[PDB]
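Taking the hints into account, I'd like the entire structure generated from these sequences.
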Amino acid sequence: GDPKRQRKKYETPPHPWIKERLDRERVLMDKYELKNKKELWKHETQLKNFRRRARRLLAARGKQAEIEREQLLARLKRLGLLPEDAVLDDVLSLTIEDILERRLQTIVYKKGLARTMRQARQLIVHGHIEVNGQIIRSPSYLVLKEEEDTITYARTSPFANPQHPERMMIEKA
Amino acid sequence: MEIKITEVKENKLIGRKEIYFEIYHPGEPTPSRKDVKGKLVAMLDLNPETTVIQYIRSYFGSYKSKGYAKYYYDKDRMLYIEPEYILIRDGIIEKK
Amino acid sequence: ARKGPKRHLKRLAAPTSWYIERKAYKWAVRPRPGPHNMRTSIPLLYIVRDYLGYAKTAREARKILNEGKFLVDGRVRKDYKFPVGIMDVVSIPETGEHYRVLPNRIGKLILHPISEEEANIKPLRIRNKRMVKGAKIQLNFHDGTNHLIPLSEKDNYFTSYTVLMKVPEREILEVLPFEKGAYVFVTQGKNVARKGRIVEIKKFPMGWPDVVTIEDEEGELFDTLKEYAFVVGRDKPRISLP
RNA sequence: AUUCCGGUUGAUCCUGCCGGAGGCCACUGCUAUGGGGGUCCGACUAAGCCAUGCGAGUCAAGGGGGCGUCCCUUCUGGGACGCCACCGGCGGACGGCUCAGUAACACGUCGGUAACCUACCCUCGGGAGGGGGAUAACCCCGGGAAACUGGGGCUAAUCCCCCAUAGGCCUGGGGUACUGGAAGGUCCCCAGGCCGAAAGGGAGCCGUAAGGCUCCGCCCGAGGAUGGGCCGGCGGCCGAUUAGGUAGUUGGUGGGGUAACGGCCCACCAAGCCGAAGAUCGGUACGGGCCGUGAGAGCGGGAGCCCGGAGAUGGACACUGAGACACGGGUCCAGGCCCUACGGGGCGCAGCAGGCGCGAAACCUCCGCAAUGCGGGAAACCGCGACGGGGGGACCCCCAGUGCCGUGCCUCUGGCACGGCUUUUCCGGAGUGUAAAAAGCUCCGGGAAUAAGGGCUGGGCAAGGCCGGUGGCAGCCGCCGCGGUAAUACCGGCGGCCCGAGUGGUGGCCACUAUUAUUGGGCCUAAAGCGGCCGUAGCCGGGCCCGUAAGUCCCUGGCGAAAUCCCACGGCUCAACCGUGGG
Ligand SMILES: [Mg+2]
Ligand SMILES: [Mg+2]
Ligand SMILES: [Mg+2]
Ligand SMILES: [Mg+2]
Ligand SMILES: [Mg+2]
Ligand SMILES: [Mg+2]
Ligand SMILES: [Mg+2]
Ligand SMILES: [Mg+2]
Ligand SMILES: [Mg+2]
Ligand SMILES: [Mg+2]
Ligand SMILES: [Mg+2]
Ligand SMILES: [Mg+2]
Ligand SMILES: [Mg+2]
Ligand SMILES: [Mg+2]
Ligand SMILES: [Mg+2]
Ligand SMILES: [Mg+2]
Ligand SMILES: [Mg+2]
Ligand SMILES: [Mg+2]
Ligand SMILES: [Mg+2]
Ligand SMILES: [Mg+2]
Ligand SMILES: [Mg+2]
Ligand SMILES: [Mg+2]
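Protein chains in written order, with full-length UniProt numbering: chain A, 2 to 174; chain B, 1 to 96; chain C, 2 to 243.
For the record, the hints were derived by calculation from the structure and aren't laboratory data. Among the hints, a few may not be true.
[Claimed, not checked] With beta-carbon atoms standing in for the labels, derived distance ranges: (1) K64(A) with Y20(C): 24 to 32 Å; (2) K11(C) with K10(A): 28 to 36 Å; (3) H113(C) with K4(B): 33 to 41 Å; (4) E12(A) with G54(C): 40 to 48 Å.
The beta carbon of each residue, even a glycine, is placed where N, CA and C say it ideally should be.
In structure tokens:
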């Protein structure tokens, strides 16, 4: 036979030039300030996988099925994508925008640490943001609900000083 | 820097004690072996001649480092058990 | 093995009952021939180094063993390839600790702490029984050891019985028969590590193995092979079990 | 995403094939800042040929010697210490490499051996009595161009050989103690034979000595373990423009040989054995776990990691050993090549690097035994191109960069002008890291500074009806089709679109395809019902009652290695990757 070969984690469109899909994806890319299409596609694949797990477990029965069902629900609401009282059916109503709201770049922007999405990306990449006492430099990292409030400037960063000229401009917004 | 002892374990079969510790040091470089050894022998009343520092490791975006060291009750036992290279690296003996 | 016996063992092909990391390195210790078989034993080096953690590297593990710090069934073992198996007793007198080797609920070997007094006895399952020159009876136990008895007591011992032996003197002190109501502990198969009492025995023609039915504490009945049932007492266990 | 779009006509509806649009693999054009992880890199043609270095040793606690330094006395010596080769023991049958052969009990799976071998290891029961001998090392003399090799002298052993006892094997006659489902098996007693053990050796203390007390050892028997041998049932390619095949062939009886059963091989007696449910022969291939693709049913492949098989230039054959008809051991034939003083003597990298050749097609003549293991040793230890660490490479996967903010102007997407900010990346240092280094990680100084390309632009199919050349010429074109002096289609400029450290070309497999149809296609006129009928095997077969339990359904024991796949939790910054559990 053949040994294992590592495979891509995302899927490409079936047809590269469809006008409606191009327009929709362009709107998303502009709004969330992503670097290239593949990054976007990555998140899409994640969404699809969740749905494909929900569809398979609805039509199943037995002992392992219940365990996997509760594990899926717990994982989904640990990420902050579902409320605490959601049921399995609610999985089938998630959208691509729901996942994009959990990116570290977006959350840094929404919390008011930056004036713009691009500034948030630069702040993350250069190492000015700490999450739960740890510095992370990946703008696409998905933030868990339990750690969302412990996101601040790094304690060694120049921005961790309210008199810094650039921070005062950020606070002005 | 602040040194915090995580665990101390006794090994009667070898004749040594094994020490795990953390060093907290925001805005500072990774501590040197000499400083850590001095701090440890001050903190636990150890003979510096029979104390070896196995390693000091830093991490990606952390303000702290993790260290592992060993302390022997007899110098001859330490010479008989430990590899030669680790003794040279810690300055206990002299390379030829 | 084109021309002769094998001397090596890859990590990926190691027995499935060990607690070992299969991708950390390339090679594993090939066990020496000895008391138990491959499926129910582990080399002593892994007990010294990986299980108890008294050594970090193999070189300093061998230095500990050569000083005679480890006892298996009350005898000093220096070979790092020595196999240690089911129902054995591992004693460290310098630290004064004792363990018994037992299978897990999923079939892996673990060390169960025991008292010092219990460390002097070992149960042995009578695996076979034969006549030997001078008209004596030889008993062959499950771990490969042997014992001799006179022709007078030939009716006090049969296969599948359990003998409680005092180690290292190897002196018999108790015989536990295999019958309805005996207390058993399962060593292999799907129902490994479950314990209970014997209810029924069944037999089949043409050399197929025979099956026994066991009732546990909660009152459930389950079947297993007769040779996988290890007698440990009359109506209560005579040794500590997890 | 369980999908369609272009092409037959002046126009229409069909059948049917070709092309587009997706994934993966091999070669290749142009172009490239960084890090991490992994089972990637002379497999396809040549299992073709190979210069040089390395890839298997270890034991001084088995034994006599040589040399050196010291202490006691020393004429002489005796000690202790350290190196060296030799005799002797164990290992060199594993590990590493490649896929030529093989359609077969080779491989997968369930069983069997009551028909067999096993050095090293574990438990129990016993034994170690008496003799003998040579030789290496060392000294004298050598021969030969070398590869090699002769004579004489002297010596030891855990070296070799005898005698005894124990023990082993064969056959005949009794007794019934054991295991087992079942005794040509095990145990006991007589009888005739044949074969036939051992090293109380070594080391250290207490011993004045006597002798103990530990450590490592030698031989026999019973059983286990480890590694194998042999056998059976079932399962997995293509061809009828291959139809009959086999004569030690199939079976029986009596033997031989083997570790062991067997036409495995003989002597004699019979005519059997296989085959249209495909024998025989030919073709192509190492088998599997797995891998690619697809909604699934399926279709295609099986180099790299694990398990099994086979081979060492081609074809034959032996010695030693527990194990070989032995890759770095031996002999012959065939065919190449090398050194000779010409009489002779050597060598096959399908081990790691490296070279030539063949091609479209593939890297350094590097560092280390620190980790994981193996062999040797009582042990400390020694060796290992296995394994570990780096070097070269658009091998696969994961995470980033080529700036950000404020105010003005513009054609307001984007660019420009002012003012400010940061340092992932870049340059120079300290620590940590590592067998030693290098990467990586934490700090310090400088500075927007050091960093964007490839294809396309008539329709399918996102994007120009603009400018300049050429003029059925040059050229484009997967398909349909453009170009004949007013070209949105060729060449170039300026614009624009898609993806982006990548993007295009060529070949192969799956999908597209219900163009292989079990699910699920067709045959009046489009490809396709034998000119007609009778009938053998096969397949499909009316209603009720009783029985059985092979198919079929449900429950439960023993199995189908690990790696690979899915899920949750945990460790490397998250991830790729790795660990613990459930499937
Ligand atoms: Mg293969
Ligand atoms: Mg027509
Ligand atoms: Mg070749
Ligand atoms: Mg070999
Ligand atoms: Mg072939
Ligand atoms: Mg004799
Ligand atoms: Mg094949
Ligand atoms: Mg290969
Ligand atoms: Mg090379
Ligand atoms: Mg290549
Ligand atoms: Mg143009
Ligand atoms: Mg268009
Ligand atoms: Mg087609
Ligand atoms: Mg059709
Ligand atoms: Mg007709
Ligand atoms: Mg007709
Ligand atoms: Mg009927
Ligand atoms: Mg049935
Ligand atoms: Mg498995
Ligand atoms: Mg972490
Ligand atoms: Mg995680
Ligand atoms: Mg894993």
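task = Of all the hints given earlier, name the ones this structure violates by number, lowest first.
result = none
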